[PDB]
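Next up: just one chain, as structure tokens, the form deposited without the named molecule.
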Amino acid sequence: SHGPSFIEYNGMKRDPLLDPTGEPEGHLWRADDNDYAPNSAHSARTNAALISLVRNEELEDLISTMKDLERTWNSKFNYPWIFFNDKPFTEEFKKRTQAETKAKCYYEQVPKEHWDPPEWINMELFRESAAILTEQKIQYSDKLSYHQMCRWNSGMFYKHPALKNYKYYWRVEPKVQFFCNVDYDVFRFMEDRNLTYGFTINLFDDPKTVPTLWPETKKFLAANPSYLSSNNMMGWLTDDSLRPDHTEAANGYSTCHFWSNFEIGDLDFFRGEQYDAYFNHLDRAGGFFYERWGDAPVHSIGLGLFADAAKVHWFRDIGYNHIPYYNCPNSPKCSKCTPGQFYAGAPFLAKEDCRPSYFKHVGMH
């Protein structure tokens, strides 16, 4: 039912999002039953934050996003927002953002050591490979800052001092929509079930951004044979049954990833020995700069090799859009999205959905 449609792969045959979509099973923490007052010192909030890497120039898009997340969820639960940027935030940014929430907002700067390329990266080699990716990649002109963002999301955000006393994060990107009321504390949902990571969308990537990522991953695994988890996603990570040319071009990796612009995650997974050693291996290999290794594939591979797959959750009930893709469930809590419509735009976008592989090899839990 949830398997692949072919005409050539052309997306999902029957999207599970069409099924009546409700809340997860088990105990759920409700706002009407608990102290979630924004300034209460004895609230039901766990140690979690909404986080966003965002520039001053993206303020208007951020405000639209905050309005959706607040209306659908955070106006009831009042978790804090923590904003990150390599430059200082303006007073206008601070005033406008804090005006959209009753929760506390924090404004943080990424340190130089978490943003500047590391010493071992040769900037001439960077510029040469960037010129080639610029020539090859569709609707793409390279910038150093894209690579710095990917590296920051991959290995640095969870080392930031501001997050030291936090265990969970919900990553939010400046220009996104949320469509569905969510009436339970998602952070404590994760905590009570010892969940590691939550996603809404699962996509193929551009193999040109990651050609040596899987080869470098295999080198890391050969050097650290005890790191591979028992409940791993090797079948999903190495699948070639939907788009075999992607898997060939990325040298053994399907390119499939959790679409990391949305994440709800356990910071302590990424801080752990296994994932962080993986990140540092990749950091030394140089592919964050000499290629364009995305934080999405890097997170997805890390989770798929080192996490328990039973602790990774599809948040099917969180209606979500980041252009051009959607997670829109069939629920009366949602509005202004079409249930089960994966994409908006030209029909060639349909094949970018990797959930039929993820659901086969890992599951829909």
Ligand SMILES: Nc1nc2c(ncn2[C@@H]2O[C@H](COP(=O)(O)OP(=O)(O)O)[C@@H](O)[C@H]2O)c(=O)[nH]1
Second form
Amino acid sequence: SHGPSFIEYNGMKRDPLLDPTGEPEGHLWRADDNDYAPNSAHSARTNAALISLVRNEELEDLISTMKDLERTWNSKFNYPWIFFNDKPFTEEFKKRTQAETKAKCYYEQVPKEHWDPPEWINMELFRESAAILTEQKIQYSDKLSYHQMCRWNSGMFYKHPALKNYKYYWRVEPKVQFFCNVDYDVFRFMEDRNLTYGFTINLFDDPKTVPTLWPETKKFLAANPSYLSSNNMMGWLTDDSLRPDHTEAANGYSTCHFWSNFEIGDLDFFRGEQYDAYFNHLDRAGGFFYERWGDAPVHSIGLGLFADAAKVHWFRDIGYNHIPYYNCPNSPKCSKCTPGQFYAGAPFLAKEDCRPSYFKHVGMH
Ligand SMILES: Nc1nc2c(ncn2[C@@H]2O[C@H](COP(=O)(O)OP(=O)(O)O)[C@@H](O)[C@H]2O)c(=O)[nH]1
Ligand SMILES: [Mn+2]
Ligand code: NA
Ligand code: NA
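The structure above corresponds to the form deposited without the named molecule; please provide the structure of the form deposited with the named molecule bound.
Every chain and every other molecule in the complex is listed next, the one we just looked at coming first.
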């Protein structure tokens, strides 16, 4: 039912999001019988934050997103917002953001050492490969800042001092929508089940952004054979049954990834020996700059090799949109999205859904 449709892979045959979609099983922490007051010193909140790497110029789009996340979820639970930026935030940014939430807002700068390219990266080599990707890649002109952002999300956010006493994060981007009321504490849902990571959307990537990522990953694994987990996602990571030309073009990696603009995650996974050694290996290989390795494929590969796949969760009940893709469940808690409609735009977008592979090789849990 959740298998691939062919006409040429053409997306999912029958989207599970069409099924009546409710809450996960087990105990859930509710706002109506706990202390989730925004300024309570004895609240039911665990050590978690809503986080966002964002620019001053994206303020209006950030505010739209905050309104959705607050209305659907955080107005009841009042977890803090922590904003990150390589540059200082304006006073207008601080005032407008704090006005949209009863929770505490924090405003952090990314340190130069977590943002600047490392000393070993040759900037002339960067510029040469960037010019080629600019020429080849659809609706894409290269920016150094994009590479710095990918590297920051891949290896640096979990090392920021502001997050030292936090264990869980919910990553948020500007200009995204949330469609469904969520009536349980998602962070304590994660914590009580020892979950590592949560996603809403699962996509193919552009192989041109990651051609040596899998080769470099295999090198890392050969040097560290004890790191591979037993409940791993090798089948999903190496799948070639849906779009074999992607897997060939990315030299053994399917290119499928959790779409990282949305993430609910355990910071201590990424801080761990295995993942962080993987990041440092990739950092020294140079592909964050000489290629355009996204944090999504890097997170996805790291999770798929080093996490317990049983501890990765599809948040099917969180209605979500970052242009042009959707996770819209069939639930009376949702409005303003079409259940099971994966994309908005041209029909060639349908083939970008990788869930039929993920659900086959890993599952729908
Ligand atoms: N502070 C800062 N944030 C950035 C920069 N580049 C990207 N971002 C943020 O990183 C996330 C991803 O960037 P975005 O432009 O949405 O890329 P896309 O979602 O892949 O198109 C968003 O939350 C952006 O606000 C940057 O140079 N500085
Ligand atoms: Mn974005
Ligand atoms: Na309450
Ligand atoms: Na281009």
